[PDB]
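There is one chain below, alone, in structure tokens, taken in the form deposited without its partner chain.
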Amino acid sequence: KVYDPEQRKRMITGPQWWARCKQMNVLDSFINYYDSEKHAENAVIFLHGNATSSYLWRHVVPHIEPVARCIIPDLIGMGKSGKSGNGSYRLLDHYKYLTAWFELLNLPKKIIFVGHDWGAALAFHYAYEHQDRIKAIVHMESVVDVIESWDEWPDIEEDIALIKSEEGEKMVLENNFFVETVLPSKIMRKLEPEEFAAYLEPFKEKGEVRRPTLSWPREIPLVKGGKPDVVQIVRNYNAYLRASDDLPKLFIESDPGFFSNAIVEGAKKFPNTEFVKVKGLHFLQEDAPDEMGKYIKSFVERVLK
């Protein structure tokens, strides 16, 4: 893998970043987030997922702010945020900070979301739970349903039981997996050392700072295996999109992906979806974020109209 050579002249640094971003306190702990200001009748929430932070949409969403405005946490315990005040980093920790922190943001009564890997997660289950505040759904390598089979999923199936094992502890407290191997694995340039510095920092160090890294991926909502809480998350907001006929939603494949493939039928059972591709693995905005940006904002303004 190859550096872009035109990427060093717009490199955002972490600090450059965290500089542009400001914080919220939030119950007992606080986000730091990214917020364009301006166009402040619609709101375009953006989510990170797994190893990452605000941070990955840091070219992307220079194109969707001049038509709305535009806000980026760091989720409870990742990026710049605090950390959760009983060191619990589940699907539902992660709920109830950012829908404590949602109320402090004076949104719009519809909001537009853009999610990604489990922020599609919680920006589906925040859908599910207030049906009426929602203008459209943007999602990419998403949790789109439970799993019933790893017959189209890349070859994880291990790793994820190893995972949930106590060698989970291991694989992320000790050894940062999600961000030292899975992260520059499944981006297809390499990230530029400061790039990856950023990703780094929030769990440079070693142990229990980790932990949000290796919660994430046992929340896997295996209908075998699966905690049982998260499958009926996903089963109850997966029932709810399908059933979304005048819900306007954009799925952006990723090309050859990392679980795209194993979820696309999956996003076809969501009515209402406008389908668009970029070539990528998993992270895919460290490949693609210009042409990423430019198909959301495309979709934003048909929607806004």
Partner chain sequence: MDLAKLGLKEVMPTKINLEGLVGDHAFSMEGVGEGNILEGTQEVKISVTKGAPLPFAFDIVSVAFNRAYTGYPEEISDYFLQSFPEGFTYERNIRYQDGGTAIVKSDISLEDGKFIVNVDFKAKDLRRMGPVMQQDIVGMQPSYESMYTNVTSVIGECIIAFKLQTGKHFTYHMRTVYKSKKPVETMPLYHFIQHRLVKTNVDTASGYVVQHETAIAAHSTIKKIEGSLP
Second form
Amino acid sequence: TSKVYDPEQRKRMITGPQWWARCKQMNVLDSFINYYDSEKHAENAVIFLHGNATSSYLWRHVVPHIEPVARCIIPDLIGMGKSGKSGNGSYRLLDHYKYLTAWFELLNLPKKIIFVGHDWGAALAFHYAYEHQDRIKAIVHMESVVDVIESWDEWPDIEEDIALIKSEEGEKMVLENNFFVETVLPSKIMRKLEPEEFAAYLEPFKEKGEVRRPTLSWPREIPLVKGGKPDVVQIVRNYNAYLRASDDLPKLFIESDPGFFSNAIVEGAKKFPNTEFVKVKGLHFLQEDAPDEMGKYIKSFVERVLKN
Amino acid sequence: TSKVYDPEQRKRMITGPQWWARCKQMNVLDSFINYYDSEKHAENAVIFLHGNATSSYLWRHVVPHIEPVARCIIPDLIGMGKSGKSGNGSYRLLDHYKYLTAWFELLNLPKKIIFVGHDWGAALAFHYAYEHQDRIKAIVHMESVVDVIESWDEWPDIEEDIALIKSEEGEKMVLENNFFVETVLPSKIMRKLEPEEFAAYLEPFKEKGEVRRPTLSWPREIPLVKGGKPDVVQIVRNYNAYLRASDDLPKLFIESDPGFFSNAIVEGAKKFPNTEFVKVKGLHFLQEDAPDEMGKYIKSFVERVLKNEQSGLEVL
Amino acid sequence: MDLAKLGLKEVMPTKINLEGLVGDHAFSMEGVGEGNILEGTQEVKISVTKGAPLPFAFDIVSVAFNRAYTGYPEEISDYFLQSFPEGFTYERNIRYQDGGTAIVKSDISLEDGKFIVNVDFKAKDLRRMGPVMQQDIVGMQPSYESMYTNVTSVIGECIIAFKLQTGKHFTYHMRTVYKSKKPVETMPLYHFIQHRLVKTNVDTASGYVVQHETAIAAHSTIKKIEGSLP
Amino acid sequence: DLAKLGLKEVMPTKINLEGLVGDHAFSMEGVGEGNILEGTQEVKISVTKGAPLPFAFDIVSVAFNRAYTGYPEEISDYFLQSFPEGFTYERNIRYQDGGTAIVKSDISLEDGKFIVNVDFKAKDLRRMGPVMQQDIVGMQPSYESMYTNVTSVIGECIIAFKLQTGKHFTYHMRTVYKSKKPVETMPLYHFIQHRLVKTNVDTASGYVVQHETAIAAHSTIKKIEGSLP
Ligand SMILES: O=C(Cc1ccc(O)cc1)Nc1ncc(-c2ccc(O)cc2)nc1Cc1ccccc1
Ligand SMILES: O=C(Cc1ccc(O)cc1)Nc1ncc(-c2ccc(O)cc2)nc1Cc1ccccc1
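For comparison with the form deposited without its partner chain, produce the structure of the form solved in complex with its partner chain.
Now the full complex is given, and it begins with the chain already shown.
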């Protein structure tokens, strides 16, 4: 594509180095989770879950706004970011779930957490919350895996490309050509990333081989009723129905404008009770295009849930 | 352009020679008028006045309908048709009118004439109408010089062409290339004329030169309030005013559809009272794509007008 | 440069069988003629057979009178040819600049030697004073129809330009969805298809037009400043 | 011979623009130069207000002067002979979306260089559509048929945007090239070919450069001598 810099950006550009430096690691099963921690206000934790192609870096300019009211923890999911690779080299949805819940127990969380999810990130934080219902203070989602995919309608024209990666082409689409990081990632940001912000997202997957397999295998779990991995369909089916019942649990949805998936999913969002809705600048990686509004919208939401 | 023959027309085709053999002649001033005469039911006269590029032949299939209620008489205007040439060799509106009013006396008309005009021949019926208010029973018109022309708006894309013709290239356009007979005239007819029908129209102006002048100086009579000849604009203005008041006078407007000029003039025609409007499918030479329809329309109109031996004629 | 293996002997005519509806007038015309495969030249004898004669300029049903007759170079693939065997069609939308619209629904096929067509012209909302009902139209000038893949079918899009009698021009916007009903090997990338459709020579003649459509596929000859996109 | 008009072959066209897609006022620009029977012109299009802009960039790339076009002198050049004063177009663009844009520009002359001044206002662009979705690679080449109409030549052209999925998204463009000097020999009818292609390719940018070629021609088929038309 094309794209111009937001010029107001470089005054405050947090490069990859000056993100990772501010992270702490911890051992988890046969490997580890590099992750960020506000540390301070720890009587609440708000956990941030990036999705495919990205990393905990994707929440950098979002996370400060809400640091002053609760502890925020932003992992890299396994195989992504400076987090360490997976034991078996498999990276399906539950893999990510394995290494992530395991990591949870290591954090001395409150027993009432707030999850903030994006992309497949939201899927983790939904399928956790289904299985840990007593311990969700609130949920925040965006560009989310809300429910299963039957009708491609309000959806971006991304079929056939899905067939092209659930195909055996996808190996040489993604391992060989780093398709999601190099082609898809900047494509779906409004502004152009300063050449070092891109350098961040790229570095984890800077080289050919199965080291890219997370970016290939996340979308091969697309919950399509016809042709999608049955277990994933069953997982999203299950946390939807509960989500659909989650009357007691405060929610907040953030559609992006235009959006990418937001358009098609937003109907499904308000099939979940207790959702405060809001709207912000942009495409799919909305954190690149409206972090500060995203910021203070999540802040004022948490403030509400913390008033009873 | 393209155009295809009417399949069932050639069966009843009337060639030029077959028409002319049915025409009469009389001397008129310094020349003569070829013309066509129903003759019977002469208690009435319905005069049909063709216009530019045509001749009485224009009416050949229209007239058979009107003949059995009123005498029909259908001139060739001067220097056109098989009529005689004009004395001065000129052919403007009034030249056509002098020769035409002369021929109206040598014919034993009733007092109140019925007129059927088309194109300029309706301007001839409109002029005579203004100076003869007591000799007129009804006017049928079509594609007609209604009113003056203020702007080229709802008008066909023929500005430029007009000014191009009021210019020493109208000589070369008309005299040498027979512009209005060989192009403009089958151009403005839906069906394709049979070769011999076109041969009628072409027979006058077949030769290059001054035998083509009426087809050139007729559009050069066009009433543009800007740039048009002032005496012509004063004529039509005068009969337009008289025609707008002519409540007395029953009229019939046959709109052509698309038509050529019909679109730009339907509203002017509407400014004439006691007008019954009708509609037939054609271009400018409506007669050549629907004379049986015009035929019966004019018929029921004259039959209805001719009960002037009692009440009015447009209840209510 | 194969041929006999496709149902096609290079030598091949056409027989069109149109039926129509402009504004209000239900006509029914008909075509007979031929051209050839690889140089892609063609010409056919169109002839009204119901609703003669036409209230509208004839020249608007002439894009309705096949892209089998297209000259394809080696470097670009030929959807229409590769198509048959048996089932291939189009759906075509005209908007005349005066505001009138037109819809066209074929069905080509192969019998003996070659093609049959069932066309279905249908226009509406042309203006009285418009070049079509005023039969001003001398004919269409040439133009290049863009051609581009969309999945199971090809989209074509040209701006066709009627030469009016006054020397000026009347343009319309046409757009075509060619969909062959047997799935077929290769689908071309994106390219141009250039026509010049002319009418033969009919003087005053008998009542038939005959036109000579010939169209050859090509690629923008200003070749690309290699370091660029797309 | 191209003295006459007060214009040298190569020439620097500073190309200020003013834009509004939808909700968004943006005040771009473009600095360049090019040639005139080459047909070739390059511009460093900078975006200079409303960064970031919320829509695929290429919709405003045709907004960035047919002074630049190979007119073989067997087909007269409307635009060259509108100078020294210059000329104006009004462009009407209709995307297959249904979305539309009008392009209003004046191509004056002010210190020996082509001061153009483009204006561009679009809307009815659909959210899920390839302009809000920023899926446009770039413009394919195009063929803009030209014809005379009184003191004007209108251009009509079908542009195709190539998309990331290989599919295309096309639009239809009608342009009112009205001179302002009265110009003799108006042209017959012909097409101008373009390949417009972007070429500062993969940069740290801050700006996009495109290079448009522009040639007038006729055909490679030609008539049966019978003609008509
Ligand atoms: O697989 C997923 C996750 C997902 C999220 C929400 C949802 O409703 C369904 C699935 N997403 C996905 N699924 C498919 C595509 C995709 C497919 C083809 C293409 O050309 C562009 C994007 N993109 C993405 C997300 C993404 C990743 C990286 C960069 C941008 C966007
Ligand atoms: O001048 C006239 C007479 C006229 C009638 C009604 C009216 O409102 C105004 C004038 N007609 C005329 N005046 C001009 C033109 C004309 C000029 C150029 C052109 O391309 C097409 C028609 N046509 C015509 C009609 C015509 C006459 C002869 C042969 C064919 C058609």
